[PDB]
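Construct the entire structure; sequences and hints are all you get.
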Amino acid sequence: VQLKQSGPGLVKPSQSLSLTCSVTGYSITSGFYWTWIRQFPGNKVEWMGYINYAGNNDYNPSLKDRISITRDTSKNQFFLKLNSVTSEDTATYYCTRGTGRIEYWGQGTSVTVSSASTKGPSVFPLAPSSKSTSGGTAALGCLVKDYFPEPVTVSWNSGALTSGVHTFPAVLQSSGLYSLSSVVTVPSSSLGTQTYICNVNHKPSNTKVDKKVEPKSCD
Amino acid sequence: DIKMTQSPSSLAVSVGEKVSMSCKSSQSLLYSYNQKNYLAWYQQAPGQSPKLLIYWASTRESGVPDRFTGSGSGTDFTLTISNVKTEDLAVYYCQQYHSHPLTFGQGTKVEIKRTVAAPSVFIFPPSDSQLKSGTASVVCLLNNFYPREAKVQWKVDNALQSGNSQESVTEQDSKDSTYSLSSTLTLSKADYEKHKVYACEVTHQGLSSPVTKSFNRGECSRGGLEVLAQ
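Same order as they appear, the protein sequences are chains A and B.
Quick note: the first sequence uses PDB author numbering, first residue 2, plus one each step.
So the second sequence is residues 1 to 65, 67 to 231, counted in PDB author numbering.
Honestly, the hints are just simulated from the structure, not real lab data.
Hints are not guaranteed to be accurate.
With a straight-line Cα cutoff of 20 Å, these simulated DMTMM-like cross-link-like pairs (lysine to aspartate or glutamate) come out [unchecked claim]:
1. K214(B) <-> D220(A)
2. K114(B) <-> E17(B)
3. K133(B) <-> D147(A)
4. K51(B) <-> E47(A)
5. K110(B) <-> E88(B)
The structure is reproduced here in structure tokens:
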């Protein structure tokens with residue numbers, strides 16, 4: 002079975018969070034508890050509730066009267082709605098299929114509760130040069146600066162380049178916007194002949210950027 | 001509610017060794033009629049969702065190797082990992098499904114110990130693209146080092162910089178158990194143009210003496226132009 006999540010990653014305080022889980026490989030009416038679980042910054046994990054195969058619910062009492070879990074059997078989808086959110090609801094949200102234990106998990110949706118507006122990143126090159134070459138290895142990268150909210154994804158050469166890549170955790174700047182770098186080490190002898198492009202996707206702002214990173218001469 | 005307490009908040013273990021962690025519940029998870037404990041163990045590797053390891057306190061999921070062993074009964078439980086491998090890096094969670102609401106422990110983070118590895122140090126001047134926008138970000142990369150502890154100091158014309166940089170560190174690598182770290186110095190364009198020497202100095206256990214990488218403002222030229230200088 003596959004659980005594929007969708008829904009916005011930014012919610013304003015006192016508004017409602019809505020997420021969707023699309024199930025394939027198994028009908029949500031045949032059995033099991035179709036379950037929402039969230040994980041906070043700091044790693045605490047909280048069971049939120051389920052809708053079961055018969056359409057009935059159970060919820061964590063910690064979510065008082067703020068939560069509704071519904072379904073659409075014709076699309077094989079189930080849904081989370083969480084009302085009146087605050088910064089205490091910022092978390093990664095997982096849809097899951099459970100039977101006491103939780104065997105199958107969705108990929109997770111990062112949800113940020115904030116009044117701040119979405120903003121797409123600017124992408125700048127970290128150009129390889131003698132200043133970033135050790136032995137026969139050169140490092141290069143992309144600086145992905147000034148976006149909000151999390152997350153961004155970065156690939157290199159459309160996913161053809163994975164070995165030696167380090168995409169750093171974002172840091173929140175004093176401006177209240179995130180920034181990260183993604184770097185990769187490659188043979189210094191490749192710099193003349195291999196093209197290196199970082200592909201940046203910021204889904205919350207619908208921003209996609211391809212940045213070609215070319216060498217520099219430093220001396 | 002049943003409160004789950006995972007005892008070692010984090011532990012460090014070398015490849016090949018054997019390590020154990022405990023999960024204590026505020027009420028017994030053992031059902032008499034069943035003589036089963038309603039407990040599960042999960043493994044959450046960096047960047048991934050939790051993965052079911054053990055259920056009924058000691059039954060392995062399909063595909064889980067025998068070196069993962071859950072034991073205990075009632076209110077005292079244990080996860081043991083033997084023949085530790087580099088890819089065992091993760092947060093391990095316990096979960097009771099004895100009563101509702103279902104509740105989780107807060108996790109035991111398992112880190113891998115290995116031999117010291119000195120960082121490769123690389124520095125990146127700001128791009129003309131960014132300078133045109135009014136800001137200069139200078140990036141210092143420490144690549145593939147162990148242990149995680151490291152010290153990066155920015156100097157601009159030999160003045161130590163403080164308060165104007167931020168660091169980020171990767172999770173431990175699942176193959177070679179190293180870390181990488183970035184330190185990014187941010188100045189206005191006007192401030193950047195007032196100075197010449199930009200230096201990142203790195204101190205680390207694998208470096209018998211500190212390593213400095215530096216450049217002078219303006220000493221770099223776009224790739225391709227070197228045919229006019231060589």
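Hints, one by one, checked against the model:
no. : hint                : verdict
1   : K214(B) <-> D220(A) : holds, 13 Å
2   : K114(B) <-> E17(B)  : holds, 10 Å
3   : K133(B) <-> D147(A) : holds, 16 Å
4   : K51(B) <-> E47(A)   : holds, 16 Å
5   : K110(B) <-> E88(B)  : holds, 13 Å
Violated hints: none; the structure is consistent with every hint.
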